[PDB]
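*Asks:* The primary structure of each chain is shown beneath.
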Amino acid sequence: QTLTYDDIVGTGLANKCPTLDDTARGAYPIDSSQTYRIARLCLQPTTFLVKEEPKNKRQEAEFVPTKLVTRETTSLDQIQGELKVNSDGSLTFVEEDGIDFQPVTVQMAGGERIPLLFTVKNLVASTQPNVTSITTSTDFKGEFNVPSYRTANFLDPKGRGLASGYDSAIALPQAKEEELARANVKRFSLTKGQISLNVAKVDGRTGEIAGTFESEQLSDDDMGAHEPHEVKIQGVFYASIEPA
Amino acid sequence: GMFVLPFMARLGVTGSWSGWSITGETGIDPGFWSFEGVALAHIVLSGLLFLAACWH
Amino acid sequence: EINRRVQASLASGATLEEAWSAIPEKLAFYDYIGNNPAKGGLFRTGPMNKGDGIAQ
Amino acid sequence: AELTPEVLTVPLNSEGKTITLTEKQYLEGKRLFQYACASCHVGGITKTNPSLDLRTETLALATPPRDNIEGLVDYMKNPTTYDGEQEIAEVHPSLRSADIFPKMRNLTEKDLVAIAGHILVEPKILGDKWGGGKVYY
Amino acid sequence: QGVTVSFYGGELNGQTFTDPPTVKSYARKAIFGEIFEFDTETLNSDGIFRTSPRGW
Amino acid sequence: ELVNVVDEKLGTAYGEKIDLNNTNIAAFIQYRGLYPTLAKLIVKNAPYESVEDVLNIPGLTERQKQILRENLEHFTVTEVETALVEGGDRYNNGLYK
Ligand code: CLA
Ligand code: HEM
Ligand SMILES: CC1=C(/C=C/C(C)=C/C=C/C(C)=C/C=C/C=C(C)/C=C/C=C(C)/C=C/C2=C(C)CCCC2(C)C)C(C)(C)CCC1
Ligand SMILES: CC1=C(/C=C/C(C)=C/C=C/C(C)=C/C=C/C=C(C)/C=C/C=C(C)/C=C/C2=C(C)CCCC2(C)C)C(C)(C)CCC1
Ligand SMILES: CCCCCCCS[C@@H]1O[C@H](CO)[C@@H](O)[C@H](O)[C@H]1O
Ligand SMILES: CCCCCCCS[C@@H]1O[C@H](CO)[C@@H](O)[C@H](O)[C@H]1O
Ligand SMILES: CCCCCCCS[C@@H]1O[C@H](CO)[C@@H](O)[C@H](O)[C@H]1O
Ligand SMILES: CCCCCCCS[C@@H]1O[C@H](CO)[C@@H](O)[C@H](O)[C@H]1O
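Chains as they are written, first to last, in my numbering: chain A, 1 to 244; chain B, 1 to 56; chain C, 1 to 56; chain D, 1 to 137; chain E, 1 to 56; chain F, 1 to 97.
In isolation and in its complexed conformation, chain A is listed as follows:
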């Protein structure tokens, strides 16, 4: 009747967001009096693209395909937060909590590995004005925080770190330190990402929405040791709306 953990375990389904069937083309009424919230937000990436970095800036850099090497470990889920109604009828989702990040490594043609913290941490996303009902026309656009892929305790292979670790290349006791400044002095990245959620299906009765998303964010900079890359993530999403 209804799937259990043991039906699902090891199939790959646990990394998939819930779907809605083709008859779910309704509209979910919004009431300016009542406060709303997203009870569950899920994001399932289906493609990862990395912007190439050519030697010459005269020709435009394109986003290219990558291969996922870290397996079915990529989806964000159990995300919740307030869904506010704004004076102009627009809606604002303010992300509070949930499984809102996954470390992800993709591999470019020729082998170069691109680790990233796929995330919507601190997401604040808004609709168009005058949304009396969320429909297959509604969309959310917003910005989120991308903190360092490694947190401050992380130690490099020579035991150097930010909130822990050596502060020099100890294997080279008398080397000049200037050339090694960037590797020796760890730095914690915090940058902005951008995301659009295109609502494609709505179940007006249950308060459930689904569609596609596209996000853009920087990859891992390995605590300031190298320049990050621009990543574009596409996939499907699911959300349940509730009165708060």
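Be careful, since some hints might not be right.
Label-pair ranges, simulated between beta-carbon atoms [as the list claims (entries may be wrong)]:
#	chain 1	residue 1	chain 2	residue 2	range
1	D	129	F	56	37 to 45 Å
2	A	112	E	16	42 to 50 Å
3	A	232	C	41	44 to 52 Å
4	D	126	A	92	52 to 60 Å
5	C	16	E	41	30 to 38 Å
6	A	70	F	56	38 to 46 Å
7	A	128	B	7	54 to 62 Å
8	F	2	C	41	26 to 34 Å
9	A	232	D	85	32 to 40 Å
10	F	69	A	196	47 to 55 Å
11	D	137	F	12	31 to 39 Å
12	C	16	F	15	25 to 33 Å
Covered stretches of chain D (chain F as the covering partner; in silico rule of three or more C-beta atoms under 8 Å from a C-beta of chain F) [to be verified]:
#	segment
13	50-56
14	71-85
Hints listed in this document are in silico derivations from the structure and should not be mistaken for laboratory results.
Positions of the beta carbon are idealized from the N, C-alpha and C atoms, including for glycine.
Given chain A, put chains B, C, D, E and F with the ligands in place with the hints provided.
*Replies:* Okay, now just chains B, C, D, E and F with the ligands, sitting in the frame of chain A:
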């Protein structure tokens, strides 16, 4: 300074198992007959010929 | 020996700058672990200058 | 060095009254501490919550103060969080929760005093090693 | 702890450093004893101690 | 240029007192009555423009308010440091005994 790469490319071997092609494409699938597969085949051939030499 | 000389200079009325400036370069250089023969490695080849550098 | 009466003299209460433990009470304290407490509190640390240790200074700053026999005996009957705000008998071994922590079922008032005495005497012997963890091993 | 470093004698005679990374940098050198300036470029020195002819 | 922000933080009041905006929660154990109840509330309602603003946490009892007042001298505030507050590090900074 590539010497044998052009000869592979001349007759249709243009891709790598690592996903690049010499025409600049990404995400292509060359099948077995990538630059690497060609290299592998020649190494195995070399070994088989070596053994055949011994017999003869 | 460095400390003995510095203390003697201070006792004789020199400033701290004058006391340390009276220490021969060569004596200070012996008081450095880079010149200790028990700091090398079996396959760390060549002159001591090749490690820490040519002292200036 | 010896385990003297002076070593075995510890604060009984918050007022300043002391009690002198016997060598037998010391032995019993160690035995009973091992029996009921050591699985988590070995060496004066706390395995399941390393933030809180059994150092006398830490106990003194607990609410209510636990750097004396009375405080410790009371803790073993009705354990609280460090600020005294919550009663934690349901997740910490005590006489009050002897039903769910069965090793507490056969601990007498005498036994509690012995354990309390162990906790107070041990740092007087081992110093910073008590509650120190692996750094001091 | 507001650690500072002042130099007496040598190149840095009379100078005081208060910048914590600078002070720390000098403290790292001080574990080796007296502090020297080295030419690390002429021999492409690698910063790793070698033994002397006494050791060899 | 390149600076370790955590080391620099040690040269501020963060290195001297409990910083209500940055310091890991286990530091509240140093003083009577602060841990775990008040410590949780303090971290949850951070950051604070001043130390006194800790008294504005909604729902405090009068005893709790008095404990806070008695401890203000042991508190400070500095700018939020991303490296100290990310990763849930205020609740568990990877240090045990
Ligand atoms: C007593 C012997 C001896 C000693 C103590 C020295 C000492 C020194 N030499 Mg001189 N030298 C020697 C003889 C020696 N030399 C000989 C015979 C030659 C002609 C080859 C040279 C030519 C020479 C040159 C060209 C240079 C030196 C240099 C140096 C300095 C650096 C040494 C170094 O890096 O070693 C490195 C030592 C090793 C890497 C260890 C060798 C270990 C071997 C390989 C072990 C072999 C294992 C064996 C195969 C196992 C067998 C197993 C089997 C039985 C089962 C040092 C002052 C350098 C210097 O600074 O010049 C100014 C330099 O450039 N030497
Ligand atoms: C009868 C034996 C025990 C005694 C006498 C004892 C004693 C104590 C004392 C005195 C404290 C407070 C420390 C302080 O204020 O600094 C404490 C805290 C604690 N103990 Fe025990 N303990 C015993 C058994 C155990 C066991 C078996 C466990 C593990 C299952 C345990 C886990 C803890 C934890 C997690 C805390 C911190 C509790 C909190 O504040 O939330 N204890 N214990
Ligand atoms: C150093 C160098 C280099 C290199 C080189 C090389 C890499 C080489 C090689 C080479 C080679 C690699 C060669 C070879 C060879 C060979 C041979 C010559 C052989 C043979 C043989 C034989 C004789 C056999 C026999 C037999 C057998 C085994 C079996 C049975 C039969 C018979 C009898 C037939 C270069 C120039 C870069 C530059 C500079 C430096
Ligand atoms: C069809 C085909 C192809 C091709 C192929 C080829 C080219 C092949 C070959 C081949 C070969 C090339 C083979 C072989 C061989 C051999 C052998 C089989 C052998 C052997 C041997 C032996 C058995 C010996 C022995 C001995 C020794 C070792 C020593 C001393 C003694 C004696 C004499 C006993 C390709 C891929 C293009 C593709 C499609 C399909
Ligand atoms: C005969 C065995 C051939 C060995 C196969 C090596 C893997 S293939 C190898 O992959 C690298 C990283 O992905 C690329 O940089 C490189 O261009 C490619 O040749
Ligand atoms: C000695 C190792 C043998 C490796 C065999 C791997 C074949 S791989 C196989 O090759 C076919 C024909 O080239 C392609 O059509 C197909 O895309 C590819 O997956
Ligand atoms: C003797 C061991 C040689 C193993 C041969 C494995 C290479 S097989 C090769 O793999 C590529 C991706 O990696 C595919 O694009 C291609 O279809 C397939 O033929
Ligand atoms: C504590 C009585 C309040 C009624 C709530 C249900 C019983 S709570 C009670 O808590 C005790 C620890 O104090 C345990 O001994 C006992 O096993 C547990 O069920």
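*Asks:* Next, verify each hint and record whether it holds.
*Replies:* Going down the list of hints, with the structure as the test:
{"no.": "1", "hint": "D:129 / F:56: 37 to 45 Å", "verdict": "43 Å, holds"}
{"no.": "2", "hint": "A:112 / E:16: 42 to 50 Å", "verdict": "48 Å, holds"}
{"no.": "3", "hint": "A:232 / C:41: 44 to 52 Å", "verdict": "49 Å, holds"}
{"no.": "4", "hint": "D:126 / A:92: 52 to 60 Å", "verdict": "58 Å, holds"}
{"no.": "5", "hint": "C:16 / E:41: 30 to 38 Å", "verdict": "33 Å, holds"}
{"no.": "6", "hint": "A:70 / F:56: 38 to 46 Å", "verdict": "44 Å, holds"}
{"no.": "7", "hint": "A:128 / B:7: 54 to 62 Å", "verdict": "59 Å, holds"}
{"no.": "8", "hint": "F:2 / C:41: 26 to 34 Å", "verdict": "31 Å, holds"}
{"no.": "9", "hint": "A:232 / D:85: 32 to 40 Å", "verdict": "49 Å, violated"}
{"no.": "10", "hint": "F:69 / A:196: 47 to 55 Å", "verdict": "49 Å, holds"}
{"no.": "11", "hint": "D:137 / F:12: 31 to 39 Å", "verdict": "35 Å, holds"}
{"no.": "12", "hint": "C:16 / F:15: 25 to 33 Å", "verdict": "30 Å, holds"}
{"no.": "13", "hint": "50-56", "verdict": "holds (count 4)"}
{"no.": "14", "hint": "71-85", "verdict": "holds (count 5)"}
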